[PDB]
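4 protein chains.
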Amino acid sequence: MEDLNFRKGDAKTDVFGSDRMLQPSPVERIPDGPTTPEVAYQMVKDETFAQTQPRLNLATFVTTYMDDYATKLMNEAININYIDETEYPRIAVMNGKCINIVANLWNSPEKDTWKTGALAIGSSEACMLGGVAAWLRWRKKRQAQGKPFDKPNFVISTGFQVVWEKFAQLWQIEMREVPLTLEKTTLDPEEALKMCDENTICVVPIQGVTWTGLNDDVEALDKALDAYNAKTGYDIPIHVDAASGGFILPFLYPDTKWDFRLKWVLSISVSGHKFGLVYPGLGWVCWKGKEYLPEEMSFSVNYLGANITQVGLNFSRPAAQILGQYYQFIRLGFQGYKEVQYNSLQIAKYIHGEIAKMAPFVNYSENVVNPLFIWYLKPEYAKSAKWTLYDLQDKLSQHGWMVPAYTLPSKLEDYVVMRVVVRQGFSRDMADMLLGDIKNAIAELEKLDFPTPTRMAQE
Amino acid sequence: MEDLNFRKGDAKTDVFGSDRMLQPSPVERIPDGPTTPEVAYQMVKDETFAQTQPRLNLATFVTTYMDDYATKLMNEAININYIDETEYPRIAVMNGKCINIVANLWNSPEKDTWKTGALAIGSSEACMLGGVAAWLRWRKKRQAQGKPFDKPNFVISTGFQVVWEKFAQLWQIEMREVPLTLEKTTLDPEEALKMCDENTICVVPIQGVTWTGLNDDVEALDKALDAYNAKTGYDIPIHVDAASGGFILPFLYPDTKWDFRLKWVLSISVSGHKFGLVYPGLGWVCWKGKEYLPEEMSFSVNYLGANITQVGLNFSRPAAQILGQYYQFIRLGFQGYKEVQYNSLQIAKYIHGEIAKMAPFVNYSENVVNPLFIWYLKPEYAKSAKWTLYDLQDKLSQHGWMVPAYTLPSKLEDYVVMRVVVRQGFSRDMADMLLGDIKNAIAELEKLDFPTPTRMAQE
Amino acid sequence: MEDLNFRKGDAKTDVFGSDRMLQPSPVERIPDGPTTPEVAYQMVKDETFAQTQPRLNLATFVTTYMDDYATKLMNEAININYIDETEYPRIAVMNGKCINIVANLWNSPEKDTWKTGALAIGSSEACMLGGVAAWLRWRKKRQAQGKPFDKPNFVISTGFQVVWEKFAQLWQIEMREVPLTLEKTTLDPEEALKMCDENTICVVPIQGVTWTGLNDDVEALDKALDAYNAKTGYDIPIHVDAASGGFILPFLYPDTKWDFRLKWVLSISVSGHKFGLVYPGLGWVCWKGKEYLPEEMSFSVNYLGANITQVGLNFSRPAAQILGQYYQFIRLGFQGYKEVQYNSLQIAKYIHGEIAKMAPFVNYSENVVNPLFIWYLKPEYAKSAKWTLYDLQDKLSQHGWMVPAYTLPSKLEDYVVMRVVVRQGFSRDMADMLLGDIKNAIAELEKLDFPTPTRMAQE
Amino acid sequence: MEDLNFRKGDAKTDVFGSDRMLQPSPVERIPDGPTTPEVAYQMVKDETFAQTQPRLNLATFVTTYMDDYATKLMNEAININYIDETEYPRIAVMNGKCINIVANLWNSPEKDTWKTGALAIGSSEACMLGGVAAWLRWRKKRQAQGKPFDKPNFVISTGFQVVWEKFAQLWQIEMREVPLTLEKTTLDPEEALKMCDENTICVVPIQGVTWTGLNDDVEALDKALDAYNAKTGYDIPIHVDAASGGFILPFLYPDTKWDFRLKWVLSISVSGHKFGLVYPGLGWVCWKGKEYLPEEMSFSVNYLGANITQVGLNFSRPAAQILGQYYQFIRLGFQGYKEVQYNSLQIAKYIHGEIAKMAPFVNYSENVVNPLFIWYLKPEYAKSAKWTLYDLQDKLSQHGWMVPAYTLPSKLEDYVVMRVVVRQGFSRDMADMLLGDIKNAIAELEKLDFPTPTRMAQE
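Protein chains in written order, with the entry's author numbering: chain E, 1 to 459; chain D, 1 to 459; chain B, 1 to 459; chain A, 1 to 459.
Chain E on its own, in the form it takes in the complex:
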């Protein structure tokens, strides 16, 4: 009863009694022939085991949990190309309804029913589209005045997200960075303006700074930008990079003036897949009105009634994320959103509060305004300590966590900090697991008689 092709991949072959599972995966060239689907599935699946478990990834801001209906909903949409809007005009309409809802979340004064906005893969695309719009708006002002427009720049805090370094690099637009200090933990409006000139296309406050977890004060900047634009006539605008906070501020902090309520906030961008609560692949950008979207980068198409804006860097793309975004609006609503973000912040507040009680630690800030915060070693403690926050990160890696240690950006670069992000799906109970794992590692590390490699590099 011998099967002569049992190792070669027939209907009886066992994945791990086959010749294929005795060979390495392709690195350089495509294989000559096929295998059975089971062999191929394992080979790809098994490479995914040896890396961080997503729910334990505390570095990332991007959603790692959705409920079962949203996941079923999105999985079913796996083969739907959004850009085929004529074929799928209900999704095109859904897309516009999401833009409407988001724009209203930001107190947009636009009176068109179909609000001026666009779908994105993340804040990267959403940021870049707003940046190009401000770029084209500035170019067009300068020309009507006969001024040159061949050396454009923009202003941002040094605590920028890497998309703004791409934007500058990919459009050859100059980035001017406002450094961080212990006295100035967010973008100082006065320092930003000193870096502006006739060539500044916008200033970029950040709500939910990735390095620190804080919010640039946009209202102070708007009030400060107003007197300066009245002083210069440069007509410099604000683009708010709200990658995270754009889904925090509306629910937990309703009265904070940071959005389209403000005179100079002409556009905002956000990551739906962060605290908008949708699996990877979603971003949004909105303009205050149709007049802030240049015709050169945009057209609108009428599908079943909805004026749908056609601006975007990507073309064909997954549609599931729109199903996910609309589901979340309906399933949760405002109250529902308020409670989940409430949970996340309380947990971040809980961890923050317990971390400060520990001997080696001091928090970067006394206020947690986003479900994340950073801290560092007490300067006194680090002087005689034999370990760094890079070392604790390793200790936590042995238990499946990822909690990143990194040096801060300009004028605080001597500070090695650690960040914790609390997403939907990280419970109080999981917080207790992490804190327990931390206390243990401090004990192991406090046993050291010799300095770790990171600690020696710091000397």
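The set of hints was computed from the structure by calculation and includes no laboratory data. Incorrect hints may appear among the rest.
When chains are identical, the list treats them as one kind, so a pair holds in a single copy or across two.
To be verified - In silico DSSO-like pairs for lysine-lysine, Cα to Cα no more than 27 Å straight-line:
1. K184 x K257
2. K8 x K72
3. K111 x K439
4. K166 x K140
5. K349 x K8
6. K184 x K166
7. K338 x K8
8. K141 x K151
9. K45 x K72
10. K290 x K263
11. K12 x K349
12. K140 x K151
13. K45 x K12
14. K338 x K12
15. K141 x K194
16. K447 x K395
17. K45 x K338
18. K194 x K263
19. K151 x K231
20. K349 x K45
21. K166 x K386
22. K439 x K45
23. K72 x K12
24. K383 x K447
With chain E's structure known, arrange chains D, B and A on it following the hints.
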């Protein structure tokens, strides 16, 4: 046994005996409060019924079928953010292996084990990244020569896919279009050269032109650019937009010199989610070597050994499409890919042959090189016909198909054609289903006594 | 539409917007009231994320992969209480058919159709059942001869699995251990016989020693015990603890004389859940014939014809694993089992060969007879290195592996070794992944300028 | 279009058009080669159809129903070996948390955070572990006092579950059984005490006697045992075999003192998979304090802070049952458990009352204290009846029920009784199916002209 909250949304509630399902979906603002997951899932799902089923969308080139193992793998990766490479370094390595495999498919001569390329959401990003690299290469050449570099352009056929207008609009780069004429059904190299000057950053032939389904002769283009560059010193490169053909040519036409075998072909881009056989959300771009990627737009990070380039427009994004791509390479191999593309081309060739037999129709081309073709009305027949191909498109929409009718681009705008794309999952049995519907629809239209409005628009 | 009970747990509540997920899991007392299944599901599952993935668990010998049909079969049997043999007699018959097949794998000469054996949860119970049978056989001999029977002992290598320490402690039986040396790396028969006397109830050679991965030579042991029994007539028997080797030897080493072919081997025990290819919860013990199972610890019941032995320490228990074993026998057969174990041995040999090429390491043994081996630091190298294999373990923990470092048992307690177990579901591709992670970890460790904590204790 | 290998097992083979499904399943030897998973799935699955459906198995005490989340949780945990606690430490702690919760459910006064207990496969192992602990405690005292300790005994009711017969036989410990009469239907305490002496290691009252369903009065035993210990200094303890009642009494009878509230209750054991509501494979044992567990049979290892004791007969084993238990604690809580068991008791109370209304029947007790009871034929009716309860069992088997008839133990062995066990998943609606089928089967049995064989066997 009365349940007092039956209509308000409790555990006993029926979705379609609820007060909420007597209400319309939110259009402008987020709902104040929540509903149950069943209600919210139905509300969003039910809107997707009233549009084309993806398997019957013959307008699109983008994948609507993958096997059950590829789908499961990808559904399981729904919460995996590609960009978290420190946290998921095995997927980052996997990503680099796909780039190697693709770049070798295109006969890259690069000697690195880690080939120079970048992941994309589709050809949209893939194209833009090649265009910016070509843009930066030109700026530095011209600076080094003391030449100006403030009025750049690029050259392309009028049958361009809209991403290049996006590129032109979003970088303020002049787009020069070579019309389609009756002499050549594709880009003529000599006419393309007449549109070049010292400001031309690249020329872009298309493999799998969306309007027609044919291939610009790149070797013929490559041979002329060689004589033109030696005349001018303009040193103009070729970027091949192979959104579809990049996954057709290597398998069915290996002897055709169109890729990195050509001297002036410095970069190629492809849509992984079209004929790379992967669900929406994948593109790839490759450079001929490390030196053709400008230092300004890219850096390398070493994960587990692999030199992984960190260039991209997007940041956080789904990783599932990477798992799918690597799966197909292993599950299919070269032979596996070869036979699947063979099926798709035969079925398209079959339909092509059947369309020519029908009295009203004649094909744009007698050579079918990609799994799609276009045709139009015999002029004699169209002169006395009371209907147009827009009418046939409508007749077929009533059976759930979407087969698009459209006018050709410049110098052929008088031709209203209809296109059929043959993707994986469209069988010979489905070809016969569609054809039967054409014969039926032709017969119904020939009974007409009066001209259709589109027919009136043609007089 | 505010849901006043959204946070308290109604039909609309989101899991991570609930009060419950602001609370830690119960530690001391049961919660006073209930929650919804979703919350409770999450609270339990989420605690399991922060630990080793089984497929990367290289410490364990126990099965971590079964195919999709085997999983479905067993999962559907979750609610079947095996001990209810009257209610579920077909499973009662099936279990006896497994025992027949296993005992025939061990070349039992028993001529009964229904071979003499028992179901076990693992080698622990299987070993314990054989040991008590040998205890009772000895009591009855000594009683029959007028000799005393109150001070029993048995003999085993120090490389024993902890079950025999439980056995000695829970029945108050003296354990006699033969130490390991580099000259005598498995149980030495001569030394083993020196520990026998009138009270020695049996000797336990081990096939698949957990500490080393080697097989005690049972043929050499049987031949000496034969001569010693001929000297004394003490009639001392052998129970083979073949926890791992029992599912290796019949297939890869059929000519190796280790089983019921040997005169004094009267019982054998094996773990089905190790290399029998069944998920946790299976062990087997067989005796050479009915006369070696005392009536005092067993009875027979005839279910549908099968004379079924009623021996065991456990009573009610999952039945699914019996379905799994029988599925494995049928789905694979002999050829099938041979090729699966060949893969794991080939892969284990591959790693063994690769480890020896590395400068810091020396393999404990040049022979790989089971899919596991151990190695340790070259003594010359360990002298000047600042790190130990315990450090290597921690390094591999940060990439998700568990590869255990430990000191060997008696007279080799100075050797810190590391072990790797290659189970079904661990491929050549995963070997390379692990191998890469080691090459990497050694280099980071060799940069140390100070000794690690474990290295200081070694001085 | 002939497939030449269709019957031999290729990709086209139908299971029941194959050669293999023309052959019998292996009985003696493992097959030479493999088959496809479908065939092997059918072959093993199909043998399970011809036996009692678990939900209709009224003999068993062991759980046959769990909700959908508990099932999935456990099913996903199929590949987790609990014993790998260093590899899966969150489960080791979870396990420790279950022990605490149970011990507190039994009102332990132990002052450690980590309560003293052990995981078990069922009451079989849990009992043996309590039994060995009591054995070693007595042995050590008698040594300290210079008395002998080679003739140990224990005291129990004849209504013991067979594990105590394994225990007595397998440890060579004397069992003294207190008989059942109609006057003493449970363990008589005074009779238990008269059988105690300096060699008695413990007394074992049973909560939920399997034969009858009643509770030995443990408080009465404790009260008498106190006076007897005060007189003798024999220091004799109580171990409660609470296989079922340990999960009934705390919830439905919280004020009945049977647990660690009693001075001499030093250990209690329970079946998690009976009325703990968990699928097969779960038991628990607890001691009143650390000093009642002998160091010779136990050690502790610190996992993440939790001191986890390492006592047990089993070694590797499924961990999935720990998740189910922990899930049940959180999902249900005290109120949740209270209502589920209340449902089970009411339904048994219902049937108990309905059995009494029937002419041939008399209930063993007027008390239903656990969700099970027994009854037998009215002696007046049984003298002239042509049938026995063995006949009633057979008739109901023709409808899929298993309702066991069996003789009671000593001094009631001439009594043939039938028992009905009501588990979770047995509804009032299912009670009504069963009662009807009995009335029908009784009507059929009373039509008999001749006695059944069992009826003759009683004459």
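Tested hints:
| no. | hint | in the structure |
| --- | --- | --- |
| 1 | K184 x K257 | within (20 Å within a copy, 59 Å between copies) |
| 2 | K8 x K72 | between (36 Å within a copy, 24 Å between copies) |
| 3 | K111 x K439 | between (55 Å within a copy, 24 Å between copies) |
| 4 | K166 x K140 | both (23 Å within a copy, 18 Å between copies) |
| 5 | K349 x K8 | between (57 Å within a copy, 21 Å between copies) |
| 6 | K184 x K166 | within (25 Å within a copy, 39 Å between copies) |
| 7 | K338 x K8 | between (56 Å within a copy, 15 Å between copies) |
| 8 | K141 x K151 | both (14 Å within a copy, 19 Å between copies) |
| 9 | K45 x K72 | both (20 Å within a copy, 10 Å between copies) |
| 10 | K290 x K263 | within (15 Å within a copy, 47 Å between copies) |
| 11 | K12 x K349 | between (56 Å within a copy, 26 Å between copies) |
| 12 | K140 x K151 | both (14 Å within a copy, 16 Å between copies) |
| 13 | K45 x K12 | both (21 Å within a copy, 18 Å between copies) |
| 14 | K338 x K12 | between (54 Å within a copy, 14 Å between copies) |
| 15 | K141 x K194 | within (21 Å within a copy, 34 Å between copies) |
| 16 | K447 x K395 | both (13 Å within a copy, 18 Å between copies) |
| 17 | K45 x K338 | between (36 Å within a copy, 24 Å between copies) |
| 18 | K194 x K263 | within (20 Å within a copy, 49 Å between copies) |
| 19 | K151 x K231 | within (21 Å within a copy, 33 Å between copies) |
| 20 | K349 x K45 | between (36 Å within a copy, 24 Å between copies) |
| 21 | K166 x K386 | neither (38 Å within a copy, 43 Å between copies) |
| 22 | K439 x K45 | between (34 Å within a copy, 23 Å between copies) |
| 23 | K72 x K12 | between (32 Å within a copy, 18 Å between copies) |
| 24 | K383 x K447 | both (16 Å within a copy, 23 Å between copies) |
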